[PDB]
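Quick setup: one chain, the form deposited in one PDB entry, written in structure tokens, and binding and motion questions come after.
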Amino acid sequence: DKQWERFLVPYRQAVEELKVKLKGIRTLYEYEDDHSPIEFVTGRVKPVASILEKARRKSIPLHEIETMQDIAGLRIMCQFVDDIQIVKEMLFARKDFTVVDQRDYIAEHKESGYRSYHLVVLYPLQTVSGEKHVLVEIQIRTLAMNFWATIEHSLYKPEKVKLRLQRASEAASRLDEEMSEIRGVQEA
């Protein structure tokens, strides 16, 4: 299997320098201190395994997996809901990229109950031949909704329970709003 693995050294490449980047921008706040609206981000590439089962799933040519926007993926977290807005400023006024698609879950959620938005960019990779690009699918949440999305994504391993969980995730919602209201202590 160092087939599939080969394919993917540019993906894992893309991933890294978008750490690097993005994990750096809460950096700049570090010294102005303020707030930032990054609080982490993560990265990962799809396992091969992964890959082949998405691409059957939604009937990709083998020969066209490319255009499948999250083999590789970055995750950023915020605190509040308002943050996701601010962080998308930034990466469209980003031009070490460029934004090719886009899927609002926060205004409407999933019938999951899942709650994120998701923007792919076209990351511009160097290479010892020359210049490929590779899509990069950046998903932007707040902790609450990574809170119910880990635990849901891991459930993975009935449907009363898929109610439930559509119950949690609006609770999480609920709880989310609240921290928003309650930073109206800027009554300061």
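Numbering follows the first chain given and starts at 1. Basically, rigid core = biggest C-alpha set you can superpose within 1.5 Å across the two forms. What changes on going to the form deposited in another entry:
Residue showing a CA shift of 2 Å or more between these two forms (rigid core superposed; candidates 96, 82, 89, 104): 104. With the core held fixed between these two forms, residue 13 has its Cα displaced by under 2 Å.
Once the cores line up, the CA of residue 165 ends up 2 angstroms or more apart between these two forms.
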Contents of the next structure:
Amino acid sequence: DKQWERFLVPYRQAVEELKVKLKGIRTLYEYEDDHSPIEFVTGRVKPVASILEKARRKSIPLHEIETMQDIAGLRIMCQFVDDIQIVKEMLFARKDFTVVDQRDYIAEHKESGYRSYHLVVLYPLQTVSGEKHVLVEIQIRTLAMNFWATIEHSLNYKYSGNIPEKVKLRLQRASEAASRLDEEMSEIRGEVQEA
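Form deposited in one PDB entry done; form deposited in another entry now:
Partners and other molecules omitted; one chain follows.
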């Protein structure tokens, strides 16, 4: 419980770095006056309780926690669905890490009407001890989907996994609303490029 804080140190650092790196993209794009594919970036280090519980369910032995793919997380947000593929292509082309193949959250991507996506990278962190490779999960969401996802996450923690029938249905409604807001935005960015 105090060897935890020590264990995670490399995970913060990689977060702080990919954070500043990813944030450079928007800045570069701000000089073209061209539309930035990136609205903003956030990151987080998975909490101990989140990590242990996820181990539980994924039957990940405790000496193999390093296999967990989201101890270090970043989240890239965009205005437009179509921005995601752009961002994905940028991340594949980058050479300061490498994309780890994987096929997870296939239902989550789909249920969200493909407004939430993600890919895992192996990042080569320079340690005092030398070099330490760490998994980093990079989410890619629309602003709209992320709004909805945030609310779902709160209530889901508020009722500890038991969202009342009444509230679930209003939350489903909210989801479709968000999904629709994107619909109309994609049609905006669509109508524009008819230039």
